[PDB]
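Peer 1: This is what each chain is made of:
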Amino acid sequence: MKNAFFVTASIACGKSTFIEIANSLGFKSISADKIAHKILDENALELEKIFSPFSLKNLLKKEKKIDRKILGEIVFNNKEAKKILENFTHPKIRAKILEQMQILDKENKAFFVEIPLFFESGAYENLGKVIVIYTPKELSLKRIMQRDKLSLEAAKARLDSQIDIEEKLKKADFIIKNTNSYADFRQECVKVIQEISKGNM
Amino acid sequence: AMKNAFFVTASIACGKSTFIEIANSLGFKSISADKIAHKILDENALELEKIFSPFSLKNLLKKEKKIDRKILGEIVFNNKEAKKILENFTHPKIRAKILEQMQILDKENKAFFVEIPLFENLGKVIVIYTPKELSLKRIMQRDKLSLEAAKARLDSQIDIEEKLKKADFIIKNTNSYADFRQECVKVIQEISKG
Amino acid sequence: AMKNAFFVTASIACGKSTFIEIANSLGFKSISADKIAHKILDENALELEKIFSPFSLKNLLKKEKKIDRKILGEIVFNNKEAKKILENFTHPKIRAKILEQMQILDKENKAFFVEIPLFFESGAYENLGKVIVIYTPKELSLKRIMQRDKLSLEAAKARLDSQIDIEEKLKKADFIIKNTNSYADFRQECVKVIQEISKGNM
Amino acid sequence: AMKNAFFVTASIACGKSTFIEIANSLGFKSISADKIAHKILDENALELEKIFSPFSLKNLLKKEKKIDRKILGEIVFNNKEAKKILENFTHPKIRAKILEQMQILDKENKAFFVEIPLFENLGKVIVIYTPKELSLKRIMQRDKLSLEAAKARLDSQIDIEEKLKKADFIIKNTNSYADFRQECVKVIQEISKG
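Residue numbers (my numbering), protein chains in the order written: chain A, 1 to 201; chain B, 1001 to 1194; chain C, 2001 to 2202; chain D, 3001 to 3194.
Any given hint might turn out to be false.
[What the hints assert, rightly or not] One side of the interface only, derived from the structure: several residues of chain A facing chain D at Cβ under 10 Å:
no., residue
1, 105
2, 139
3, 140
4, 142
5, 150
6, 155
7, 159
8, 160
9, 163
10, 166
11, 167
[What the hints assert, rightly or not] Covered stretches of chain A (chain B as the covering partner; in silico rule of three or more C-beta atoms under 8 Å from a C-beta of chain B):
no., segment
12, 6 to 19
13, 49 to 58
14, 66 to 73
15, 114 to 120
[Said to hold, decoys possible] Restricting the straight-line Cα-Cα distance to at most 25 Å, the calculated cross-link-like pairs of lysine-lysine (BS3-like) are:
no., chain 1, residue 1, chain 2, residue 2
16, A, 129, A, 96
17, D, 3165, A, 142
18, A, 82, B, 1097
19, B, 1063, A, 57
20, B, 1039, B, 1070
No lab work stands behind these hints: they were computed from the structure. In this text, a Cβ means the ideal position worked out from N, Cα and C, and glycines have one as well.
Turn these sequences into a full structure, and let the hints guide you.
Peer 2: Structure below.
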């Protein structure tokens, strides 16, 4: 598809701000996150059957709404549980996303799919062009311990993620740098959408 | 080995917990991997807020610096990197905590029971056993599951069968609950004389 | 992207090599993924010695800028860090050399076959061309594997898991050649498909 | 739990082997993860050929029904599935033998050294330390590695650094070999009485 523009981001707030802006300028946005969530609610009753032997704490919260707090404990506690939920959810997530992305490509106006950087349900780099809002960060262990004031284990944790973020840029189509002030980052999203808006991208 | 340590594994969840509750009610101490993990997350709540606050636009602390396990589960759900980053931070701490806790209890010269993490030469083994045709087809059609989901479940079933081999005690989690309950006490009684 | 490219992969090794023996005889070009892979280790023999020598007291280099593949495999089997480095070292080199030799034969405008191990690593090759899986169905029953194949629980588990994974991989094949019956019958089928391809009919 | 168990881990491989050699010459036994694994492979050669014969046209067994470890690396190299199957089958048996062995030597009431597997609240920790500017940038240029490769290396470096915190013996891997050796012997004498 041709009007498909994923928007993902090294920091979660970049993701959303660009989405706030594209919206006002008369463009439409799908939220991969809202979709995934929607999935868990529509299959409540099968989810309870599948996951209930894993706990005594009931999975259904009310009238066919799934207890997410409980489900996330179950998968965190239980590697079998974790693989079953993954495989149960991937096809459904993939399928819904891909459904709505054909609803709008045909509508022939550029559209944006807002999606977390390491979202699992497929390899979406095929479907459209990817926009990654990247904030480059220090990859030095010591400087993060001193900066954000952390133990080694927590700095390890933070550093491994920033290193894994930078790798993902090899998969991007458009990178918007986000190293300067809020209002300044803002205009750059504005500029980009415009270029998309006249077939320049 | 480690003298008084007993690991409990069950085919179904509610077997385990029935055993461990009964053992508790008869004065025996137990360690819960799930509960260890839970305290680890609160014990590290602030660290986690900084590691994981760029992933979401929601506050990861709920009130009085405790961690929101709803939100952490959301940030983690369907995210390869957040799963990995959390696992790698927490799993080490969980392992150590367990081992630390095993050693203490062992020094009290009374049998105690460790619920094996679902994230052993070290002690003796009790498996709470519920027979099952170890069959991918049965699992798929009974439980209504895909191919790879069923294999996850099947591999857990095979893991228990493996343990049946050198189990020091096997407790059949039969169709009669009340029976199975008294199958537990007799084991615990036999454990207590040694 | 390439029209003349066919991946040949198999649920068991002889399935793949027979379809290739027959494809060659019928005059079509094949490249081997594992051969290309093996040659990457030798072309980068000096750099690998530097990177991996700190994991062993032994020598990686066997003779004249050649890699002792026995030792290197012991290193990566014994060391998680070595394994990841090797994977990241080789993957892009394998990927560009495979994609080097497939753009040669695609413009050469005759059908060709990339022999490849079913779970090969160095990229997602499904998007480059068409995938031919030679499949031999199996009973996904633990107990029937211990009997027939005379194995312990543990080894049966391994065998069963791999079979399950194999079936998973078909969800991404374009063309599945069954392989349940005799040798002879399997060979005929290869020829029927290679022909159907030969006409550009497939 | 095991009073006599000492775990050795080093920043570079040769620090670890020097120290173990010196400890072996002074009469202290040692457990090699790498050797245990080696023995598991030969122990299970028959089953391994049956698991792995569908991956390769080659013979996986040598004369004297020994495993062919060249051929098994060829089948596993760049094959995600063969790796997983091999790791899943062997790793448990390796871990069990490590502990089975640890427990036997600890009954001899003599200090012994466990070479930590590179594929620890059960004993004491000896870290054989070679300081390093724990920087990804330095690792990529000093070692000629890409982003993810240097990451794997860096991560290993941080794991050594995590164990500096509570280690019982830290031995600097100086720039003199000779003295580093002397650093080893004092430690081992230190350990020999207490």
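Peer 1: Hints first: check each against the structure and report whether it holds.
Peer 2: Okay, the hints, checked on the actual structure:
1. 105: violated, 34 Å
2. 139: At about 4 Å, which falls below the 10 Å cut-off, the nearest Cβ of chain D leaves the hint on residue 139 of chain A intact, so it holds.
3. 140: Cβ of residue 140 of chain A sits 5 Å from chain D, so the hint holds.
4. 142: holds, 7 Å
5. 150: violated, 12 Å
6. 155: With a minimum Cβ separation of about 8 Å from chain D (threshold 10 Å), the hint on residue 155 of chain A holds.
7. 159: holds, 8 Å
8. 160: holds, 7 Å
9. 163: holds, 5 Å
10. 166: This hint holds: residue 166 of chain A lies near chain D, its Cβ roughly 6 Å from the closest one there, short of 10 Å.
11. 167: holds, 6 Å
12. 6 to 19: holds (count 5)
13. 49 to 58: holds (count 6)
14. 66 to 73: Satisfied; 5 residues make the cut.
15. 114 to 120: holds (count 5)
16. A:129 / A:96: The hint holds at about 19 Å.
17. D:3165 / A:142: holds, 15 Å
18. A:82 / B:1097: holds, 22 Å
19. B:1063 / A:57: holds, 24 Å
20. B:1039 / B:1070: holds, 15 Å
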